[PDB]
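Student: Following the hints, position chains B, C and D against chain A.
In case you want the letters, here they are:
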Amino acid sequence: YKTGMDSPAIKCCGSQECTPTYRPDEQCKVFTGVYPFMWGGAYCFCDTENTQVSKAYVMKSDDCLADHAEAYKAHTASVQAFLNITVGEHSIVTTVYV
Amino acid sequence: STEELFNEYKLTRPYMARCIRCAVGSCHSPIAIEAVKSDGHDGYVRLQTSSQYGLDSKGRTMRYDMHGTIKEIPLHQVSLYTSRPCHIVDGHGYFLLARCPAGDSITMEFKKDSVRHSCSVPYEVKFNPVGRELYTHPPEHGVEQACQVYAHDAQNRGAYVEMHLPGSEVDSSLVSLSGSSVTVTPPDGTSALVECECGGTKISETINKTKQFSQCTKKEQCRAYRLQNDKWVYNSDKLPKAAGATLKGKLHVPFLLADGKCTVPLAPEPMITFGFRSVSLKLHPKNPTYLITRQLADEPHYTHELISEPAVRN
Amino acid sequence: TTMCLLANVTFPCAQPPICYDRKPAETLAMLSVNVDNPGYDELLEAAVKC
Amino acid sequence: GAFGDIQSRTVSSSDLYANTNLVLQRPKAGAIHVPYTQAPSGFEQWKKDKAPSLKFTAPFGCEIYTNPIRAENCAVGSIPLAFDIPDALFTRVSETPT
Numbered sequence: 051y052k053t054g055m056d057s058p059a060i061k062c063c064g065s066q067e068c069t070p071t072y073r074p075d076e077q078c079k080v081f082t083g084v085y086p087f088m089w090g091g092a093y094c095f096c097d098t099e100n101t102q103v104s105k106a107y108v109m110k111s112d113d114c115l116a117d118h119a120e121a122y123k124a125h126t127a128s129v130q131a132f133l134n135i136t137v138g139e140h141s142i143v144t145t146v147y148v
Numbered sequence: 001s002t003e004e005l006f007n008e009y010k011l012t013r014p015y016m017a018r019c020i021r022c023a024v025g026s027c028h029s030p031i032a033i034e035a036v037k038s039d040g041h042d043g044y045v046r047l048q049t050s051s052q053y054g055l056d057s062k063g064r065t066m067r068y069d070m071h072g073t074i075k076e077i078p079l080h081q082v083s084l085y086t087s088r089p090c091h092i093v094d095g096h097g098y099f100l101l102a103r104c105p106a107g108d109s110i111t112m113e114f115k116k117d118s119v120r121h122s123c124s125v126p127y128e129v130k131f132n133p134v135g136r137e138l139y140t141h142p143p144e145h146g147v148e149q150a151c152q153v154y155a156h157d158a159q160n161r162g163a164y165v166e167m168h169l170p171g172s173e174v175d176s177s178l179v180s181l182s183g184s185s186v187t188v189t190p191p192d193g194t195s196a197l198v199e200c201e202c203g204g205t206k207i208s209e210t211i212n213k214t215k216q217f218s219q220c221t222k223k224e225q226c227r228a229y230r231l232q233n234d235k236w237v238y239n240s241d242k243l244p245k246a247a248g249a250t251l252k253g254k255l256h257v258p259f260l261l262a263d264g265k266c267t268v269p270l271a272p273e274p275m276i277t278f279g280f281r282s283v284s285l286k287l288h289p290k291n292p293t294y295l296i297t298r299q300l301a302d303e304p305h306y307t308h309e310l311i312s313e314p315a316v317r318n
Numbered sequence: 004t005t006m007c008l009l010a011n012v013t014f015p016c017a018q019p020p021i022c023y024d025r026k027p028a029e030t031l032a033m034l035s036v037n038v039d040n041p042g043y044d045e046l047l048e049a050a051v052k053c
Numbered sequence: 198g199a200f201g202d203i204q205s206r207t208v209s210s211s212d213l214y215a216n217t218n219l220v221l222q223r224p225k226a227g228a229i230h231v232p233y234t235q236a237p238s239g240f241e242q243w244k245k246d247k248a249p250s251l252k253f254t255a256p257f258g259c260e261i262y263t264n265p266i267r268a269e270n271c272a273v274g275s276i277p278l279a280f281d282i283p284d285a286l287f288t289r290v291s292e293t294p295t
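Residue numbers (the authors' numbering), protein chains in the order written: chain A, 51 to 148; chain B, 1 to 57, 62 to 318; chain C, 4 to 53; chain D, 198 to 295.
For reference, chain A alone in the conformation it holds in the complex:
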């Protein structure tokens, strides 16, 4: 699998909500009391009442095509031989079904 993650929705002195998408195993949660930082300083000016939303989901990996395992069900097999018959110096080579 490959846990995909959306970027955190941040609102300064606000309140977000959880809008689902029905992705596989799609968890979502809203976190309050957050003072995030960027590289160029702080992100909000509010001390409290800020809000960050985490959203994660499971999608399958990029190498799924060449690296996967096939789950099957088998029953009632079928036997099939490659005989080489000679009857009175007249020989054939034929796939017979048995």
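In short, the hints are calculated from the structure, not lab data.
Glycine is no exception: its CB is placed at the ideal position from the N, C-alpha and C atoms.
Any given hint could turn out to be false.
Here are some, though not all, of the chain C residues that point toward chain B, as calculated from beta-carbon distances under 8 Å [stated by the list, open to error]:
1) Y23
2) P27
3) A28
4) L31
5) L34
6) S35
7) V38
8) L47
9) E48
10) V51
Tutor: Below, chains B, C and D without anything else, positioned relative to chain A:
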């Protein structure tokens, strides 16, 4: 036809993200690491980094983001290592392909003039042998099993990652003080927006103008964001997002896991001693070697054993 | 066949009206609305080049 | 944590079942990231264990192959035969040595 391949990472820019281990402590790094994949066999991993490769600010280059201004260096200045040094092979877009040994971490570093940049991540990198003989370094001669290694070209295949609007990267080198007020200087050809809390609730989008504001005394009360409508980023969790539906396209990923051929070793020939309804096996493995026996009757009684010492099996 | 969208103008996906070396963000907005598309790679490699 | 925590119906099904024990966690104070905690890849854990193939463990000495799933040369049972021979092949006695 490489220019047809490279033309979709032209829509994107490198960014900075949070790396937990930097040269000194926890920083914001231009070479941050999103994921390491190690599922090809003979030591090839595929890093998704926060930098870009194969594009200029050109053949062998890393393109990174240094506090907004996009810079570049040659590829042979960048080195990475797990336990031993790894060997960078090629790069395309946000993705790098290296020949790495097994280890419990990845550390990428490059050296500028007097600033050393690094990013260590706790991402496990494993080495996967081919066949029933468990080596650690790929051999010199043997036979050739089929395998699955990460392909070395950047050919468009059916696997994608998802690109988005870059959000409001806040800055504070923009905002400065006047002698009595607060002064915001957005850069040329780039619109900023300013949110303050010195009157009631104040907000503005400004363009190309050194725009002062009255009633704000200290510049701790004003946050000057930055805006770029073009130039996609990756859907990273280390970046904040924009407002409204967020989605702008998808790009293909280079260096996917393809079927190939790999050389595997060949164990020294066993010395077989025969007896009445019995067979003895003298075994001198050079490196650990699976012995697998079974009988050709209705009960196979199969035996499976990793042998790594000189051993006699009857 | 597959027809792509920028407006109510169903243009052929191999023949886009815009290219990235002309417009910085209008091509990205044209790719934005057309993500759910089986001919998105055709629109992609056509929407780069003129 | 085991085999089949991802279940895609086909390789290009675009609707996968996923039960990977994903739980979102609270972010660190002053940082923009999405922290999660989930059980590891059950496909990788299946690959680490992997009791050996049917190519090495099959009774009667079969030879399991892949592209049609088939076994080869299983020395078990016996094939009966029916010969409906026309009367023209039966040469007379004196046209053969004796």
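Student: For a quick check of understanding: which of the numbered hints are violated here, in increasing order?
Tutor: none
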